[PDB]
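*Asks:* What follows is each chain in one-letter form.
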Amino acid sequence: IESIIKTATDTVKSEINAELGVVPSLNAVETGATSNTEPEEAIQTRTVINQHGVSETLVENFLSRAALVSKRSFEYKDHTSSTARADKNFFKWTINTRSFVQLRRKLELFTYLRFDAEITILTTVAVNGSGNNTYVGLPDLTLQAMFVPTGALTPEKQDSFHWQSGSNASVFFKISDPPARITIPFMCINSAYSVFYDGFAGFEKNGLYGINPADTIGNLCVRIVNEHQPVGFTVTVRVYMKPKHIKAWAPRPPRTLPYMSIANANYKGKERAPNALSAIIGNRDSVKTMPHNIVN
Amino acid sequence: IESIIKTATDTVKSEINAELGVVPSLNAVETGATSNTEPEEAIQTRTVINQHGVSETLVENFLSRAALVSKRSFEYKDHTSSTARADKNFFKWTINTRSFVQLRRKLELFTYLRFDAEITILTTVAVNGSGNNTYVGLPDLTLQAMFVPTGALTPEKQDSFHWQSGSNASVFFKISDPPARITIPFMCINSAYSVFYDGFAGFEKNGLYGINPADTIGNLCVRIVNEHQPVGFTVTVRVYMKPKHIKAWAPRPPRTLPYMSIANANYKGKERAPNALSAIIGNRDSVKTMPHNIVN
Amino acid sequence: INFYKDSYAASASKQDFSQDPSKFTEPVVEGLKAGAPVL
Amino acid sequence: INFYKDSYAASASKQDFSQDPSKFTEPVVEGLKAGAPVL
Amino acid sequence: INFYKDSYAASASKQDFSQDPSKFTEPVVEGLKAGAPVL
Amino acid sequence: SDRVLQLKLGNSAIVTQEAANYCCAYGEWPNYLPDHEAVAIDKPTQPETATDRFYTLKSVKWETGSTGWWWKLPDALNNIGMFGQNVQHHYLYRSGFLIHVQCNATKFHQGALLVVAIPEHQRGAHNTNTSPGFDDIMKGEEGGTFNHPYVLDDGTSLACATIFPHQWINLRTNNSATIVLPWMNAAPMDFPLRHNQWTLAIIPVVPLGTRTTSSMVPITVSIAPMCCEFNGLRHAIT
Amino acid sequence: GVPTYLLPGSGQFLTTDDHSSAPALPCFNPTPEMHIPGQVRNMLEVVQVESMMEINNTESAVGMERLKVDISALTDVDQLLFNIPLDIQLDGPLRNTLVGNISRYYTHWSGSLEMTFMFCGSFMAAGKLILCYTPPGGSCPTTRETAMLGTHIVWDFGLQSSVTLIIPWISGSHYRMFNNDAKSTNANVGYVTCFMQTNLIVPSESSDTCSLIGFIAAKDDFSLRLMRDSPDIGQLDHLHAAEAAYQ
Amino acid sequence: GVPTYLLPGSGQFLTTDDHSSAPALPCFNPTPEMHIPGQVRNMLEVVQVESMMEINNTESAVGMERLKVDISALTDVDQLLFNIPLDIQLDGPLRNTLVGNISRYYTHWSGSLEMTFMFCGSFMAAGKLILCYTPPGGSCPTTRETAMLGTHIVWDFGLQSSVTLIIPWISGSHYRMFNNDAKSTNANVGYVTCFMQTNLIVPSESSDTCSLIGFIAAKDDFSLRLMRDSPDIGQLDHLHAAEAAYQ
Amino acid sequence: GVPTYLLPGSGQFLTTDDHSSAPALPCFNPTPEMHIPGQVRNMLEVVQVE
Amino acid sequence: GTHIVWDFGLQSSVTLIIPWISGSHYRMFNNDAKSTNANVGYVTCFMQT
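Sequence order for the protein chains is A, B, C, D, E, F, G, H, I and J.
Residue numbers are given in PDB author numbering: position 48 of the first sequence equals residue 48, and the series is strictly consecutive.
Residue numbers are given in PDB author numbering: position 272 of the second sequence equals residue 272, and the series is strictly consecutive.
Add 28 to the 1-based position in the third sequence for PDB author numbering, that's all there is to it.
Add 28 to the 1-based position in the fourth sequence for PDB author numbering, that's all there is to it.
Add 28 to the 1-based position in the fifth sequence for PDB author numbering, that's all there is to it.
Add 9 to the 1-based position in the sixth sequence for PDB author numbering, that's all there is to it.
Residue numbers are given in PDB author numbering: position 160 of the seventh sequence equals residue 160, and the series is strictly consecutive.
Residue numbers are given in PDB author numbering: position 24 of the eighth sequence equals residue 24, and the series is strictly consecutive.
Residue numbers are given in PDB author numbering: position 12 of the ninth sequence equals residue 12, and the series is strictly consecutive.
Add 149 to the 1-based position in the tenth sequence for PDB author numbering, that's all there is to it.
So that you can see chain A by itself, here it is in the shape it has in the complex:
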């Protein structure tokens, strides 16, 4: 039944029981219900007034933490002789929560999630080695982070006119300023994000499995506004996400085997236990062997 729970439940003292027809310790697992055997019915207890709070396990508290979701390093320099695949003073990132495993596993503890997302961008800069074998100092550069909806037109170069950002939300920030922060609303076309999706997002048979683009927040396009300096630098941008105003539905078995890809739940497991395909828990000598037995 629904009730407001702020502290752990109290224990009431209990006496001897010798009653026919009453077996609180016996249960029927086959029904799918969890055993209702209380400590008062299993042993003789005292009275305990429990003042232990339960607020730290609140779903909001459990998930509302800034977790690293993106890390991208790129060279800030003249990119005339750079390869096509290189990030020429700017990068684009399709936003996802599946690249860093701690937050991914925490989110995947649930089937459905609804939250707004606080986004924090932290920038660091270093002077390139083997480009100029000397140090002069770190410039205070200005960066532009533009939100572009998934599939929409992204900038093709650092000085592209697409950065004019007529309607796209853009944030300009300096390396010397505190990390930039913006709140993105819950943007799913459905009432909740689908953490897991058992289907195909296309009307033909060649669409991606387990991927619902309605659950992709969008694209983040980050550029250095400053034109290049005579010497080269390496700029690393870290994007952190913190869910807030969270609602969660249908908890799931936690991930055990290591993640393989950000696109699927494919599994291989470790070579040996723990967290191997044939053995999740580490082995002991026998079911009669106590691993950390106290011996005096």
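A couple of the hints might just be wrong.
Claimed, not checked - Below, a list of computed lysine to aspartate or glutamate pairs in the DMTMM-like style, where the Cα atoms sit at most 25 Å apart:
hint, chain 1, residue 1, chain 2, residue 2
1, F, 52, A, 15
2, A, 174, A, 15
3, B, 288, H, 208
4, C, 42, A, 10
5, B, 268, F, 37
6, B, 92, G, 78
7, E, 51, I, 18
8, F, 70, H, 205
9, A, 268, G, 59
10, B, 6, H, 145
11, C, 33, G, 33
12, A, 13, H, 33
13, B, 88, G, 237
14, B, 88, B, 75
15, F, 70, H, 65
16, B, 157, H, 208
17, B, 157, B, 140
18, B, 247, F, 37
19, B, 288, H, 156
20, B, 288, H, 145
21, B, 270, H, 237
22, D, 33, H, 33
23, B, 247, B, 271
24, E, 33, I, 50
25, E, 51, I, 50
26, A, 92, A, 156
27, A, 13, F, 46
28, B, 205, F, 151
29, A, 288, B, 204
30, B, 270, H, 232
Hints were generated in silico from the structure; no laboratory data involved.
On the provided structure of chain A, position chains B, C, D, E, F, G, H, I and J as indicated by the hints.
*Replies:* Chains B, C, D, E, F, G, H, I and J in isolation, oriented as in the chain A frame:
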């Protein structure tokens, strides 16, 4: 008896006393009580209205001061050819209050303590000598301080994935910003920290004596977020602790002999007085010798 | 402190202390009484 | 000034002026009256 | 604006407009009337 | 009035005709653990008179060069009678104590013993960085002796030991000391085999002296647990 | 204007901070809420659901075989069948459970647990077992006459196929800690043991070896503190296709 | 927004500052409070407990022998036995006391003190002493007829084994200072002296030398100001195993 | 939080400014006031003495 | 067992009470000293200091 004391007690005027059976100046130390002889009963006094405040000796005021608890210097550079024991752009510190003696002695004036801990982190940087015999300037670096519970997984390298900090509290701060500050709650599994512990924290006989890990706040893992510069620097991080919301129980004899270790109360004493094992107070010629006698 | 015009900009909401574990622990049409045999 | 949601984040509390020195100075079951011999 | 807990931390107090020059100008036991000879 | 005292607990009784009041540590009295402070949920056993009674330890001899003696609680009582059996069969223990220290001599003798109950007397070693071992600390009924009573074997001062609950046995004045100790711990209950809440220390601040014919002058300790309760019944481990 | 001064900690980015921040999409209207079954508002709801213990965590036990314990008919009385360590911080039979997995995101834990055993033999199979919880302090009991001195329940096989042993919260401190020192006085919970009370007796037509399945859950007196990164997941490199998100 | 401007002192870290700061662990529930005996809320409670003076702070007095003063039978009248300097800032008999140790964490002090002497001779020992407090200004008295002119108490040995000499607060200023100039007019308290009033008289069977133990405490008119680092502790290097905390 | 912006003159040290500032010694109790003869509260009192 | 610690002093006499601790309502004055219906137990005196 319990009473609210804000100022020192007043003195009342007194007259001559020649009463049989009344000896206020005589006491019995053997009972363990402190003498109750008032100045009014020992001499003839005047009336004095005492307005002297007592607030500066309040336990809260006595202990709620930012005291240095940790100081760690490490090189910020390319650590490819560095030794294993060296701090390669990051360090880990098991939090304790026993390394710097002023705060340690103040805390050890009590048997039990309960407080939240304000933590302030101050960073300084210098250009390495004998590495590059020149000065170019001081970079404005970003540092990450991650709280890791005692015994839990700590990062093994500067760019380790463990720094992603899915659930661990992490603070990012710049050298140019004011010193970072966070409040850690009273985290002991008991109702109070045990400043002294007369026991062993293990169920076998080889556990550490006098160490209760329930009284260890945790581990602080500090890294430079920036990748290394072409030249080397020396970065010094100082951690200061200030107890607050303090409750104190069972005051103790103050430490006299110099501390030897942060792990025990082992003592050796100075070679000679003062604060020597066989003589705490410095010597005088005789019990009839006045050390600083006024002679005119 | 929220001076923004959009409600989703607000800080987190850690006040929802309502629980219903029985939707996971006892999802049976016929409730099970303590002491009485389940079957 | 405390805009944080956790009470332990607050500044120090230097208002507790209550004292009871007798728990250290006179921890005897039978109180000692002034002037009267202790024994 | 004073959010500090110690009163001596407050800004200056330039409101004390009370004066008594006679403690320096006329410190005589017998006051001197205008016009009347002093001696 | 304040010189004679009878202490009666369980089937045991002690009389003294030369007491000097008696001390209640920090003005408190022992009591059972109340429900609003309880942690362990199993019903505790409260043996009452079977365990809350005076146990007398082996007497020690006051000598001219004696440095002092100490006993640790509950360790000293952990193998004595029904208290010892309950301790050995239960994971958790809780109680206070009533300590009575006895030492008599003639009116021609002089001497002064500080009888102090030290909470959490974490001992230190002398002239080494190695922490004291298990055998150095856990002495049982026999107890131990002070290596350097001047610094209480912990780098502190004997002169300031009076901050702790204490009495004095001054031979010209009294022949016994009595201290009542409540439960003193950060936790409501504790494992009795690994932690010692209290340490009784008897230190001869003024050495024993006389010019009559010498006689053995022993010091005897009687400790009565109070409001004993135990939790976590299982097989005996000792 | 307003005279101000910046405190220590100004400009810092604390991951656990709680502040309002600028809305990037003004006047955005989120999709209307729809009722969805199985909402969870406190993780303590999850830990109360019993999940299967991996008691048979031994070599030669592969996959699903690790989740059941085989019992056969014995020709000696009062024999030990198995034991379960009770540390929900180290690797062991309790780790890969709902309570274990959720609790390992935290450092401190308190409250009672419940272990439910379902007998999965034939209808004709009969037997009595004894399940004992031993509070810590000594070695794990290896004989029935020692284990029966602690908390225990005698289980008689019958129409009710499942029994529950309650591991009550018996601790000196308000909380225990999920520290790596398994033998610490603030960590060790004690042991669980299972002994033959009479025997497993089956007819010739039934299988002579019968399996038990063990589940564990937390009661509603259970609570957790001091959240921490779970040791149960980690990465040493970027996942596959993670780079493609930048292309 | 709000127009503001930063004051001098913005961004500084003052160790004695008092501000709220960000909670690193949101929604953490601290362990419930438990009543613990011997709570202390003001350090002035500690200084009121008498602790032993080290009057016998001389060479050849080793350890515990420094905490007692020996008195023997004399064959000349009105003889001096010992004196006590009264500076609780410099090294001396009062330094390693509860009042001395706590006060040395401060710079200013005020209020009356009490010195309690316990005679620890045999029951048969008899004697009368005189304890004198001399307010400052001149040399420490060396004869009884000079010391008796100041504050004093005549102590008769008997069933009550202890006497108290009150050192009342006699000072030109509201406070005295714990400065290193022992002869300053704002520091010097005066002297304490002990003289034979009649003699120590014992029978042949009793010990001919009897010890006194001196204690000192502060009364409840005592107060301290201007907290400072205690000179009684210091380090020139890192303590042992301090480095291991970083490994 | 509160949106703000720094005015011209922010961070400057003006010798004639009048602001509160951090107390270096918390809970310090100053010596009680004593009546002292010849208090002066306005320098115009001094200039009136010939 | 049951005991009293006796301190010599102005009160020159101490009393040890041997309380009636018996399984049966009465004991018997029979010649079998070791019978369960006869034996009362023992009294001992030890040096305390």
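*Asks:* Does each hint hold? Answer for all of them.
*Replies:* Hints, one by one, checked against the model:
| no. | hint | in the structure |
| --- | --- | --- |
| 1 | 52/F x 15/A | 9 Å, holds |
| 2 | 174/A x 15/A | 69 Å, violated |
| 3 | 288/B x 208/H | 21 Å, holds |
| 4 | 42/C x 10/A | 23 Å, holds |
| 5 | 268/B x 37/F | 36 Å, violated |
| 6 | 92/B x 78/G | 51 Å, violated |
| 7 | 51/E x 18/I | 31 Å, violated |
| 8 | 70/F x 205/H | 22 Å, holds |
| 9 | 268/A x 59/G | 19 Å, holds |
| 10 | 6/B x 145/H | 42 Å, violated |
| 11 | 33/C x 33/G | 21 Å, holds |
| 12 | 13/A x 33/H | 22 Å, holds |
| 13 | 88/B x 237/G | 20 Å, holds |
| 14 | 88/B x 75/B | 7 Å, holds |
| 15 | 70/F x 65/H | 20 Å, holds |
| 16 | 157/B x 208/H | 74 Å, violated |
| 17 | 157/B x 140/B | 21 Å, holds |
| 18 | 247/B x 37/F | 18 Å, holds |
| 19 | 288/B x 156/H | 22 Å, holds |
| 20 | 288/B x 145/H | 17 Å, holds |
| 21 | 270/B x 237/H | 15 Å, holds |
| 22 | 33/D x 33/H | 21 Å, holds |
| 23 | 247/B x 271/B | 37 Å, violated |
| 24 | 33/E x 50/I | 45 Å, violated |
| 25 | 51/E x 50/I | 13 Å, holds |
| 26 | 92/A x 156/A | 9 Å, holds |
| 27 | 13/A x 46/F | 15 Å, holds |
| 28 | 205/B x 151/F | 19 Å, holds |
| 29 | 288/A x 204/B | 21 Å, holds |
| 30 | 270/B x 232/H | 12 Å, holds |
When held up to the earlier numbered hints, the structure conflicts with 2, 5, 6, 7, 10, 16, 23 and 24 and fits the remainder.
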